[PDB]
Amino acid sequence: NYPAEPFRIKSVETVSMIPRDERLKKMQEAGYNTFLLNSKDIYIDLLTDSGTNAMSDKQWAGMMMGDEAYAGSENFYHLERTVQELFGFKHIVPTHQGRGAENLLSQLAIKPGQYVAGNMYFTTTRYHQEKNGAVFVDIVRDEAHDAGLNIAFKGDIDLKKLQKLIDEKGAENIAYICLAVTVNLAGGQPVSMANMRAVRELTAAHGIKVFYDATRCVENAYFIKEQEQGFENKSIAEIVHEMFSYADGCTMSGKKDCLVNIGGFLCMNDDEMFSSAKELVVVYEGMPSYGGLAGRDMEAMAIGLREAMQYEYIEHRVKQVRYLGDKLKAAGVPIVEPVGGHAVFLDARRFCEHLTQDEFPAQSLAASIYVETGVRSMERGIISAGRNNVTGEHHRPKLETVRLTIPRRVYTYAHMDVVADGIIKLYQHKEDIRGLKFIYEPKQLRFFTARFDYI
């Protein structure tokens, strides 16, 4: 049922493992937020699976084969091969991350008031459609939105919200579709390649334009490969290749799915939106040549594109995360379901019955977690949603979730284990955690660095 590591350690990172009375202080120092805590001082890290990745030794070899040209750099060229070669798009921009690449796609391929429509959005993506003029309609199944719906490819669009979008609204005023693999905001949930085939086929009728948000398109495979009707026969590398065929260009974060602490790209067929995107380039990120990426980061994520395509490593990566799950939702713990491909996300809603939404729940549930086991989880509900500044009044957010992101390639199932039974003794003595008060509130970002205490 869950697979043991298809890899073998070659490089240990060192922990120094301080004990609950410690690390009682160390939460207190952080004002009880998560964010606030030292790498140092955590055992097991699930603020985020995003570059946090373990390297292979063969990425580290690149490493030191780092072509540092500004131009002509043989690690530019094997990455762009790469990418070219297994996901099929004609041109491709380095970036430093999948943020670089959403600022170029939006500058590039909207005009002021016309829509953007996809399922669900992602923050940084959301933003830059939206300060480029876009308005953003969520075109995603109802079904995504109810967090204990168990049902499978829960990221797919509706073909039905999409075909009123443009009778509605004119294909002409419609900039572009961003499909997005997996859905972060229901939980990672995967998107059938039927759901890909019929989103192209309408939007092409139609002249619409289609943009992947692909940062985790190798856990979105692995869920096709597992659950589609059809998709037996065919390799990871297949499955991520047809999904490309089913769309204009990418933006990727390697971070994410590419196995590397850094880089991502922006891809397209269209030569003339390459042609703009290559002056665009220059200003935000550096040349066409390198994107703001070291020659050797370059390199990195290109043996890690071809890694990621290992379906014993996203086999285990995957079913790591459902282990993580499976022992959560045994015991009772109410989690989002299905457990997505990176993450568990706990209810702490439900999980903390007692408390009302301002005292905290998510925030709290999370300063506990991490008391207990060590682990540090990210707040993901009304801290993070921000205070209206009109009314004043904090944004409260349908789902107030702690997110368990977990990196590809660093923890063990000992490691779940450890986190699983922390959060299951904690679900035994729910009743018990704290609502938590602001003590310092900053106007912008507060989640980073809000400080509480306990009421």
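We call the rigid core the largest set of C-alpha positions that still match within 1.5 Å between the two forms. Numbering follows the first chain given and starts at 1. What changes on going to the form deposited in another entry:
- Of the residues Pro94, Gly254, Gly381, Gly188, exactly one exceeds or equals a 2 Å C-alpha shift between the two forms once the rigid core is aligned, and that residue is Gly381.
- A movement of the C-alpha atom of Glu400 reaching 2 angstroms or beyond is seen between the two forms when the two forms are aligned on their rigid core.
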Contents of the next structure:
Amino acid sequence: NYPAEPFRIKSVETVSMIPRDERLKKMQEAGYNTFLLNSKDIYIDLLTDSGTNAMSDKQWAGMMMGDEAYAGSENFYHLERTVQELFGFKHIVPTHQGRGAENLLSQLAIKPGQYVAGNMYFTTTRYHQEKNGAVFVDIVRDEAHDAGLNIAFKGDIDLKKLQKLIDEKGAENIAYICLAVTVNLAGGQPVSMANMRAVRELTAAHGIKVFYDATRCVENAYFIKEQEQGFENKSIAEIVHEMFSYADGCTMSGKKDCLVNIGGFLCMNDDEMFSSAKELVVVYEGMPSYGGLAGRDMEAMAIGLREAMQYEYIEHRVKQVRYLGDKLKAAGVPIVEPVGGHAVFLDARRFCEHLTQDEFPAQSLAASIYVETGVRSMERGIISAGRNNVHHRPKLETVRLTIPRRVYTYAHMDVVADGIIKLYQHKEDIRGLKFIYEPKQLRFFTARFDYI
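Target state, the form deposited in another entry; input state, the form deposited in one PDB entry:
If you are looking for partners or other molecules, they are not here, because only the chain is given.
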């Protein structure tokens, strides 16, 4: 039901084990904002799965083989051929991480006033689209916004919505479709191959380009192998390769499914766009031959992307997340369903119905969770959705327990679940928050609170 880790522990990261009374003072020193906690005071850090992964012995051997040459590095060639083989795109440009690739794509592929349509959006991706003049259009199925609705492949694009956008706006005014795998904001929900194929067919008939946000494509491939009829006999690598065969290019944060702590890249099949991409990468990232990465990190990412294709690794990755979700759900703790590939999302408005929204139940729930167990989590609701000129009220008001790859055990998942549940058994005791410091911008990062 829940497989054991398909690897051994090679080396350990020492943690402190400071007790509850001391954690309380550390939380109070952070003004009750988990973003202000220091890493040295954290037992289990579930802020994000981005860049927090444990590398393997083979990756660390590659780390000693960094060819740091400015051009012509063996590490660059290894990453290049690995991505060409596993993803099937003609051209690759490394970037220091995913939002560097998004910066390049959005400048290369958007004319001001055009539309970018996607299955929901991610913060940085949509910023770079809009900064370059695009209008974002959400074409995900309506169900993906219903947090409790347990349906498969919730990340799928609604073809009816895409058709409507083409009819109302015209194909020439659509810069591209942005298809993300998995869909982070919906809870890490996967996209079916049938949907990628149908989106490809409809866009190609109109000459519209498709670019993937590939950041968790291996988790997505696992959901396809597990749940999409006809893929039970296909390897993860076969599934990944077919996925990208329905795309014109992709942006990738290697910090996610390539099992590294830094790294990303931009892929594309078009030669002229590749030429333009090489001119632009020099401005922001570095020469096309390293893209703002040390040689040893191009090497680690090449090795990690291939490790991620191992069935047992990605099965265990996803089922470990699922174990945390299953234990919370069996206790009645309200969560986004179905559990996604990389995180369990608490529904904090359901958790703290005794507190009003304006008392910040997600922030105070995250604070309570650290004090009782030593775990940090992130905000994924109104605050992240931004404010609107004419707030950006989201249906998904979530607190994220984000699982780094290969870092934690099921016993760590139990510490997390036991603490969230023991809190949930006295849920009414948790206390609302009020600001005592709020900056104008990026407030989730440095704002400070106190109890009402």
